[PDB]
Amino acid sequence: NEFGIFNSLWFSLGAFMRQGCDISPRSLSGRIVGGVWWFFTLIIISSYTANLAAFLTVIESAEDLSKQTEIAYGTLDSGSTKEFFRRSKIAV
Amino acid sequence: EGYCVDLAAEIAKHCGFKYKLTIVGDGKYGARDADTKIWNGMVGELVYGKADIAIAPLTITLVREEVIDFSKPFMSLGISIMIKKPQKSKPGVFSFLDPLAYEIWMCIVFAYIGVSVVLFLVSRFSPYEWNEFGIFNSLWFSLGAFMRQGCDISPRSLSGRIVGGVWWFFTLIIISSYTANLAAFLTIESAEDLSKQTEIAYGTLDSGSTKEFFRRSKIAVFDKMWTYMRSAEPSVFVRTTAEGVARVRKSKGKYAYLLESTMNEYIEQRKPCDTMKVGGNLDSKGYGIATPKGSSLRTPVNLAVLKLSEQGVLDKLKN
Amino acid sequence: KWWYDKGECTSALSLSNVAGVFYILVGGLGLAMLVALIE
Amino acid sequence: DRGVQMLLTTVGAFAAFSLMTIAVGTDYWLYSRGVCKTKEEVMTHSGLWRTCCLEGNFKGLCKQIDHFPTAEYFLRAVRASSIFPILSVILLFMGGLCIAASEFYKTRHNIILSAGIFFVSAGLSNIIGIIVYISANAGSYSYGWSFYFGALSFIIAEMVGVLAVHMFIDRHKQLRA
Ligand SMILES: CCCCCCCC/C=C/CCCCCCCC(=O)OC[C@H](O)CO
Ligand SMILES: CCCCCCCC/C=C\CCCCCCCC(=O)OC[C@H](O)CO
Ligand SMILES: CCCCCCCCCCCCCCCC(=O)O
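So the protein lines, in turn, are chains B, C, D and H. Per the deposited numbering, the first sequence runs over residues 569 to 626, 633 to 666. Per the deposited numbering, the second sequence runs over residues 422 to 551, 569 to 625, 633 to 764. Per the deposited numbering, the third sequence runs over residues 765 to 773, 784 to 813. Per the deposited numbering, the fourth sequence runs over residues 5 to 43, 55 to 84, 93 to 162, 173 to 210.
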């Protein structure tokens, strides 16, 4: 068995990148591990491609205003807006 | 107790009448029975003299005003759509097995077993061929081809290569169809929206100004909604707003209720807080205090409504 | 009134959409066995 | 061991044959909604040949499926005449005969290969049969226990097939030894 730790990491990487085999696990136990990794790779990689194909096809609230100052804000120096603010009983 | 109980007390004070609140027997607002021509609901109680006044969310309509007397509007409103807040059912744990149907998955297993066995048979049965494809190695070859995860060994005989070839073709077609469907599997805001569909059930109060609005609407969208609704199943017509609302809630958004904006706004502020008002007001109408046609109380109720309007009694009762 | 006011008028791939590939597969499994037995 | 192989093969033959025969006979392939008997919409057992009725006014009345109500004609024919499910039973029977005749007229060693071929072919026939059934039905529903019996017959038949070929291989190895 050539499946030392380094060759195991290489085998796994290659499988996720859908690339070459070289070594392929040869025991029942190793083949169970290999099979589930293969299944995982297929579902995950297919989902990446499909979703990319969708991604390639198709300050906010008053609380926000109050909570920041980078985006300054004001009213007409004389207006009904300035007056509501001056008299609002709402904390925000 | 409530808006209209508080409104009745103030109405009585300003109209100048003593009063007794009574709940309309049939629990309806008022429509001219399609058939018997008899007015039902609160309108009927006034028309047939069972009640002297209707302090209720009764919409001022011509046919209503022709059979009862109405004060000025104490509330302006319009039919509205109540929807159960979406909350799309979360993806299933095993939702990745969705792009293909259950039977396809079953037969993919059956075909895997078939292909593996036949590769073993054709590869090792002949005594004139004596690693190579035993049963375990053949199952491994087949799995590898389907998961497109490369081949460590490949058939060398003509027989084995036919099996391998058809399995490769099968794999390509089946796998590509999964990727694709997954793509597609991963690719109402008004009365007009409701009208151009039917899937989301939607209806009016079984008997009142709302059902009559649609039976009489000259607006294409509302007539379109009406065409559907009178025929919508289950009967999208409801006895009370709450019934349409509960219809809305219990449907997980599959029922939109055409209750009046006033009712919609109220229910939106009620637990379980699972509903939301969508769409514009479907009409520019108002509620009036109603009395029997030609009743003496009509004039007091018109005057009191204006007093409670200039005071904001009705508006305070709203808030 | 009488013409239009009273008007009365993604999914998983099913086995039916892929049955052909199954037929080819099983047919091919058949031929392989024939070739082998003839040899 | 060699004496165990034949036992497993023989008992599996009987098992696969019985399961497939029960399935072809019984009526519990697809529990769906329909008519129990009529010249209105209740659950029905609905097997390969006859549809019956679970729950209903004539709960128990079973009528014959009106399979026939070019490509559809042909598929509808292949379905109505269950040539593929039936052929599976026939082949599995022939395979059992061959296994049995491995005793009398022994040392032939080609009776055993024939048995393997028949069992593998029975499996392939069953899968074509399943595909035809599912494809036809389609133009809620749940598959009954006879459908799943059919399926188990396929799996057992393939396994008996692998064992048969394995035995043939061993025979010729010992003969070459
Ligand atoms: C040399 C080694 C041998 C290995 C060989 C392995 C076979 C690989 C290919 C299989 C698919 C080929 C069959 C394609 C069937 C075509 C169907 C057809 O003709 O379509 C009908 C009609 O056109 C529509 O209505
Ligand atoms: C010879 C070597 C043997 C190698 C063996 C390793 C290969 C494993 C591959 C895939 C496993 C996928 C498992 C599929 C499980 C899904 C079942 C499931 O969840 O279905 C229930 C469904 O959700 C109800 O609605
Ligand atoms: C060669 C092996 C390929 C991998 C096979 C994947 C196994 C799929 C198992 C069937 C899952 C069925 C999911 C649908 C269930 C349902 O909706 O009832």
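Treat the hints with care, since some could be wrong.
[Claimed, not checked] Below 30 Å or equal to it, Euclidean Cα-Cα: the simulated DSBU-like pairs (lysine-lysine) are:
1) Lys695(C) to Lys449(C)
2) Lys770(D) to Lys716(C)
3) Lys663(B) to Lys695(C)
4) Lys663(B) to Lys449(C)
5) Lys765(D) to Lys663(C)
6) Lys770(D) to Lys738(C)
7) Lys716(C) to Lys663(B)
8) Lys449(C) to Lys765(D)
9) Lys765(D) to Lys697(C)
10) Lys458(C) to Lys765(D)
[As the list claims (entries may be wrong)] Far from chain C, by Cβ distances over 10 Å, these chain H residues were calculated:
11) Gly16
12) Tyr35
13) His60
14) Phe73
15) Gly75
16) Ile113
17) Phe127
18) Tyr128
19) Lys129
20) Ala184
21) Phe187
22) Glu191
23) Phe201
24) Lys206
25) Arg209
[Unchecked claim] Part of the chain C face toward chain B, derived, beta carbon under 10 Å:
26) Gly513
27) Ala618
28) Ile633
Simulated from the structure, these hints should not be mistaken for lab results. Just so it is clear, CB atoms sit at the ideal spot from N, CA and C, and this is done for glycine as well.
For each hint, the structure was consulted:
1. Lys695(C) to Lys449(C): 23 Å, holds
2. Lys770(D) to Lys716(C): Cα-Cα ~38 Å, so violated.
3. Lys663(B) to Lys695(C): 38 Å, violated
4. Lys663(B) to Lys449(C): Outside the cut-off at roughly 41 Å; violated.
5. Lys765(D) to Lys663(C): 11 Å, holds
6. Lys770(D) to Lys738(C): With a Cα-Cα distance of about 33 Å, the restraint between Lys770(D) and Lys738(C) is violated, given a limit of 30 Å.
7. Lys716(C) to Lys663(B): 26 Å, holds
8. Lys449(C) to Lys765(D): 28 Å, holds
9. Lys765(D) to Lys697(C): This hinted pair is violated, its Cα atoms lying about 35 Å apart.
10. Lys458(C) to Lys765(D): 21 Å, holds
11. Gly16: 14 Å, holds
12. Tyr35: Nearest chain C Cβ is 15 Å from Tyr35(H), so the label holds.
13. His60: Since the minimum Cβ distance to chain C is about 20 Å, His60(H) lies beyond 10 Å and the statement holds.
14. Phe73: For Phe73(H), whose nearest Cβ neighbour in chain C is about 28 Å away, the distance exceeds 10 Å, so it holds.
15. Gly75: Holds, because the least Cβ-Cβ distance between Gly75(H) and chain C comes to about 30 Å, which exceeds 10 Å.
16. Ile113: Per Cβ check, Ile113(H) is outside 10 Å of chain C; nearest 19 Å; holds.
17. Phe127: Consistent with the label, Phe127(H) stays out of reach of chain C, its closest Cβ about 23 Å off (over 10 Å).
18. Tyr128: Since the minimum Cβ distance to chain C is about 20 Å, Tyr128(H) lies beyond 10 Å and the statement holds.
19. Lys129: Fine: 18 Å to the nearest Cβ keeps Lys129(H) off the interface.
20. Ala184: Per Cβ check, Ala184(H) is inside 10 Å of chain C; nearest 7 Å; violated.
21. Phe187: 6 Å, violated
22. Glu191: 5 Å, violated
23. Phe201: 7 Å, violated
24. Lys206: With a cut-off of 10 Å, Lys206(H) comes too close to chain C, as the shortest Cβ separation is near 8 Å.
25. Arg209: 7 Å, violated
26. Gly513: 14 Å, violated
27. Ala618: 8 Å, holds
28. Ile633: 20 Å, violated
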